[PDB]
Amino acid sequence: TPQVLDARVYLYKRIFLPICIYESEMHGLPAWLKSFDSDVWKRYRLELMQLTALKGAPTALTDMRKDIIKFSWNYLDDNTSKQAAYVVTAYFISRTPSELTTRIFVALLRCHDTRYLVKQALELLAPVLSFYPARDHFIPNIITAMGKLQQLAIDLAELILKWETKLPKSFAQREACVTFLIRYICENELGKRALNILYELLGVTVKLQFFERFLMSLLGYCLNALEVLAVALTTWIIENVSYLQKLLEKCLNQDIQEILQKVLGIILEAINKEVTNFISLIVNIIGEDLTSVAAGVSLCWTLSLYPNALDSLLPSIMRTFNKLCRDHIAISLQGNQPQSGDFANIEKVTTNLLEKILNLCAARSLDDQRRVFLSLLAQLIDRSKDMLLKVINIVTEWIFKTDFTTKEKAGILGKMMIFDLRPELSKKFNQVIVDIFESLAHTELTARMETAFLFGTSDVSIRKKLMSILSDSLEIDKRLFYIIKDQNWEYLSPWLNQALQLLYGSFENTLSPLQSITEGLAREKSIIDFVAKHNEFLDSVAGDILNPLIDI
Amino acid sequence: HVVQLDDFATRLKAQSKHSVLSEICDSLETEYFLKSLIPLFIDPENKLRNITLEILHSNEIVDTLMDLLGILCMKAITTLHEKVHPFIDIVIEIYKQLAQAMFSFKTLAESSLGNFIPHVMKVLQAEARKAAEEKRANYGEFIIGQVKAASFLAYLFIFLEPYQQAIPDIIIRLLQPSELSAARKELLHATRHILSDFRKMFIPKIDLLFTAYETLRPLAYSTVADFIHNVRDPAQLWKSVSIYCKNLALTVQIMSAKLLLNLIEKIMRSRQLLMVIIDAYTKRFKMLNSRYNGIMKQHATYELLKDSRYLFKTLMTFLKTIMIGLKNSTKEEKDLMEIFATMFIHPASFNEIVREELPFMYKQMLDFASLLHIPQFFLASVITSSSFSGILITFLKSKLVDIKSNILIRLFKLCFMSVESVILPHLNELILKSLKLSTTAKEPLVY
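Read top to bottom, the protein sequences are chains X and C.
One point on numbering: in this note's numbering, the residue at position 120 of the first sequence is 122, and numbering is uninterrupted.
One point on numbering: in this note's numbering, the residue at position 87 of the second sequence is 95, and numbering is uninterrupted.
With the rest of the complex left out, here is chain C:
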């Protein structure tokens, strides 16, 4: 009754706290190990608590006190009544040149800075640089605690060769904590590199730290840091664009960051860039569109399509429109015809068909009147199936935005081969006769 409010209010409203609270509460309140030991840690202690509690006795429960609170080595004796006494004496005997000299000499001759620097650094120069620069579990724990505390305190309270060159040896040697290394390395490398060799120093972290945060944070971190640092100031563009574009919910961020950073960095600086960018974008868009269209069509027809259809249509339309508009200033016909026909044949029909169909005439423009026109009419007319928006939108937009190959091949093949299946003759004859007769052009030789 009064022991909870009196002991909790009197003990919580104000060593001396453990002996006064445990002695007054235990001596005045006369199952008590969790309630009496949880209050001492939830809000010269091991010597007085272990000597008074062990000498004034109530055995194994005393070990629970080790989970609560130079003088802590005696607490190791509580684990008795080189492996059950050396951790408290070696870890508490050296509990700022004392931290780097005692931690480096004691750890090298055979966690306090990370857990103690947050209280003094968050509850309110030589210790961060000396402790972080002067640093098998001792290397990973001291390097991770000193690098995380120095990087978090120095980066949050407002050089990279030691942490970048030393993180791969301890992480690779100890892995045979990704948020602190990825956030501290990405924020320190992006802020230090952008506030003023990126492939060699950044390829070890992404190539050795792999596993979704390390592989997903490298696209936005390496693309934003490499694009902002490299663009804000020939091997960096080919190595970063080839490794970043060839090494790839991470599909939207990796495809958008790699396509936007590679297209903006490669177009913001010449047939090698347009041919390599058109071949890589056409091969990646054709492979991703063919794999997503085949997997979505087989999985949806063999019986999360909004994310794959919206991400594939938005990424393909944005990448094709950005690459065509930014680069227009035998793999192209098969990749563009197979990606456009396979990705477009599966209010979104007008924007998706117009934006996905305008890249052929807009990206082609000059020439491309035989291979680019024979594959669209042959591939689009040889499949049929159930489609009407792509034929009218692609035929009306492509034939009206410029046309003789579609009307001649469609009219000659449909009229000569025609002798659900009868709906292509009326729509093809009405669309071809209305578009060709209403286009107001010469040509003739068809009536």
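So here's chain X without its partners, still in its complex pose:
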């Protein structure tokens, strides 16, 4: 068929495949001769499911028949598929040994262009990790050294020779020093897995191997030295070489973050268990080289590598990250050089004067930076001379928050953060009534800021309670649950707003809290008799709402 019609090859192959597949799969030594002769003279579900879905008779007969049939009949895809599937299924499913070990070791070790070297080296060397110690441990030097003389031969020979030669030790100076120095002095998976597994599993040689290999060394040296030196973590060479190599090599895409985070975390954690160079270089490079890895690693390492450390150090990361991200993602201002003037502080008037002067002098997507900067600066600067900070903070927060889509976020964030860190009725009632009646952050911010600010403190209570209860109840669970729980809990410890708004607005699962808490607290804690008796008796007319009315 190669010299050319589809009905003859398709009908002959499809119509003729049922005799060999049905006869070979239903007639049962026959799998090796039928699969090797039928597959090599020119089906995966029956051979893979029947051979993988199936005690010394099975292992000895299958290993002796498969090893004798494969070794006796193999002298291109049949050897790699049968050897890889049988060795992978038997070695992976096996987790009498003299015949299989002596026959497989003597036949595989005595029976020895990319398919033959890769299939023979990978298939013959992959089963060595699953009287025999001398031939098995000594056959890797002559087989690997004689067969290794292009990345498959060096990777399979170096990984199989280093793993097979180093796994039996749990004459080693020449193999360990030559294999570690030759394999580590020279595609990232072979060098990283072989160098990391051999260097991490292999352990006078540490000073010469670590000093010569670490000092004789751009991605292979930093990745192999950082991964091998950090996976198994004299401190000045590792800390200075790891910090200088990671900061200098990463300061010029997962290799920079993984090598810089692993080398910085392993070097700082392993060396922190001379401080001016590591603290100044690590703080300046880590604070100047800059989503959860940077904030978590920089905040945890900078805040944990120093009670006043977190509050006094949160302003540098918050002001540097917010000022660098806001000044670098938009610019068009005059606050781009705040890292050199604000980051020069890692060596009660010093905290208030430096924080108020640096924040007020350097502060001259906006909801996260304004709310995080105002809440973090106000909470951190106020949680640690009071007339200047209180008058400047109250005048700047009230004038800046009251002098301003941006009115709801600026007024709610500035009023809620400034009022909770220690003309809103027209904008909040008109914007909430028009935005809520003309149809997610407006309901939670307006309901949380209006309910917390209005409930956490004579016409303002009747106008705000009547307008907010009538406008919010005349039209969603946060306003009714927060207003009913805050008004009932704050008022159960004025009766016309709670009785008229609750009785006139409560008329399904959230209505049991007001009637149960109001009826139980009002009836058990004893103009209130008419509203309580009329609202409870008229609203209680199901076992909890009728058991207290008839039993109380």
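A couple of the hints might just be wrong.
[What the hints assert, rightly or not] So, partial list: chain C residues that the calculated Cβ filter (under 8 angstroms) puts toward chain X:
1) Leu-282
2) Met-283
3) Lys-291
[Stated by the list, open to error] With a straight-line Cα cutoff of 27 angstroms, these simulated DSSO-like cross-link-like pairs (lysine-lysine) come out:
4) X:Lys-57 / X:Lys-44
5) X:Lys-121 / C:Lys-291
6) X:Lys-15 / C:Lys-291
7) C:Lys-339 / X:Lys-15
8) C:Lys-335 / X:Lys-15
9) C:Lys-43 / C:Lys-55
10) X:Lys-252 / C:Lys-21
[Unchecked claim] Computed, partial: chain C to chain X, Cβ under 10 angstroms:
11) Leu-183
12) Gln-184
13) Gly-333
14) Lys-335
15) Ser-337
16) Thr-338
No lab work stands behind these hints, which were simulated from the structure alone.
Just so you know, even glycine gets a beta-carbon here, dropped at the ideal spot from N, CA and C.
Since the structure of chain X is provided, determine the placement of chain C on it from the hints.
Chain C alone, transformed into the frame defined by chain X:
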């Protein structure tokens, strides 16, 4: 203190640089091999540096100078204090007829052009053609460096028988660097062949260069170059479509490029094309859909399904819709029924069921009322399992887009055999009675 800023600023702000910087920094600054030798290479030298450093001595560290900087052969002496002195003398003695004559005569009688042509060619005709056309490591290094530098400089600064016929001998003879040969051969062959024998000249590179870049770049490069060059101007269609379609994250690019290039090239030009395209597309879609459905169902039920389900559904729906719409102007029933039932029985249900179920009636149309209808009702009704979108979408779209075989076989088999399992009688009787009674047709003989 002042040695770093004074030596780095004075030595970096401005041979004479090695002797002045090493002599002034070493003589004025009195571990220095890496700092003093890394600055000379990070930004008559071997004779003055080796003679002055070796005669004014500080031994093995001098060998590090060999990693920094006609006169370089003396540097080989630094490796002493036919295999440790012939590389610097033979490689530096001949350091444009001088490059082709000296490199061809010296290399044939027993890397400078690729590393030196990039600086002069990138920092700003006879050397590229003479050096690239006049060219065991000397053939691979000179051919790879001259072919890569000439192909990259000539192709980036804006004939194929020598590079294509000579790349297989040096690559096959030396392999017993894929980005430069694959990008230069694909860009030069596609641009030279499309800006104006492709199976014989292109089958050696894909058949001899194999290993994911060579096997994955041949589908888009051979399909785009062969489709654009062959379509922009009988053995090329059968050999390229049979070898490219039979030789196959590479499944989406190989299946989309091979199906789009084979369907557009075979349909843009007659029962042989429709029968061969329908048999090859039905066999490949049935084998890929059965293998992906069986492996995904066994691996997912025995305990990356979005890429296999989206790629298999988009490739099967796009290939079946493109082949049916482009080709409609015993293996078909088993391949179409097994691929549609096996691939469809495992907002995506309406588009996948409508697009995957419209190919039976749309691709069939004429005839196909017994084998195409008996396998769908028998295979779809003999499996049951847990399905409701394929029966209502396939029965409503197939019965409403034309129906007597599904209502007669489903009503007779379900009503005669029915005497979780009771949900097929109500849905089958309601869907068959509503579709057959609301279809407004004759037939009758059923009430």
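Taking the hints in turn, this is what the structure says about them:
1. Interface restraint check: C:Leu-282 against chain X, minimum CB-CB distance 11 angstroms, threshold 8 angstroms, status violated.
2. Satisfaction of the interface hint for C:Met-283 is found here, the shortest Cβ-Cβ separation to chain X being roughly 7 angstroms, below the 8 angstroms cut-off.
3. Look at C:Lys-291: its Cβ gets to within about 7 angstroms of chain X, closer than 8 angstroms, so that hint holds up.
4. Our distance criterion of 27 angstroms between C-alpha atoms is broken by X:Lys-57 and X:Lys-44, whose separation comes to about 36 angstroms.
5. Restraint check for X:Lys-121 and C:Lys-291: not satisfied, since their Cα atoms lie roughly 30 angstroms apart, outside the 27 angstroms limit.
6. With a C-alpha separation of about 12 angstroms, the suggested pairing of X:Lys-15 with C:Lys-291 holds against the 27 angstroms cut-off.
7. As the CA atoms of C:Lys-339 and X:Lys-15 are separated by approximately 12 angstroms, the hinted pair is consistent with the 27 angstroms bound.
8. Taken as a hint, the C:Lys-335 and X:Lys-15 pair is honoured in the structure, with Cα atoms around 25 angstroms apart against an allowance of 27 angstroms.
9. A threshold of 27 angstroms between alpha carbons decides the hint, and for C:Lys-43 with C:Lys-55 the separation of about 21 angstroms falls inside it, so the pair holds.
10. Taken as a hint, the X:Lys-252 and C:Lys-21 pair is honoured in the structure, with Cα atoms around 25 angstroms apart against an allowance of 27 angstroms.
11. The beta carbon of C:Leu-183 is positioned within 10 angstroms of a beta carbon in chain X (closest approach about 8 angstroms), and the interface hint is therefore held.
12. Below 10 angstroms, beta-carbon pairs count as interface contacts, and C:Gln-184 has one with chain X at about 4 angstroms; its hint therefore holds.
13. Interface hint at C:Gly-333: violated, since its Cβ lies 21 angstroms from the closest Cβ of chain X, which is beyond the 10 angstroms cut-off.
14. The beta carbon of C:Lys-335 is not positioned within 10 angstroms of any beta carbon in chain X (closest approach about 14 angstroms), and the interface hint is therefore violated.
15. The interface hint given for C:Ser-337 is violated, since its Cβ lies 21 angstroms from the closest Cβ of chain X, which is over the 10 angstroms cut-off.
16. The beta carbon of C:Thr-338 is positioned within 10 angstroms of a beta carbon in chain X (closest approach about 8 angstroms), and the interface hint is therefore held.
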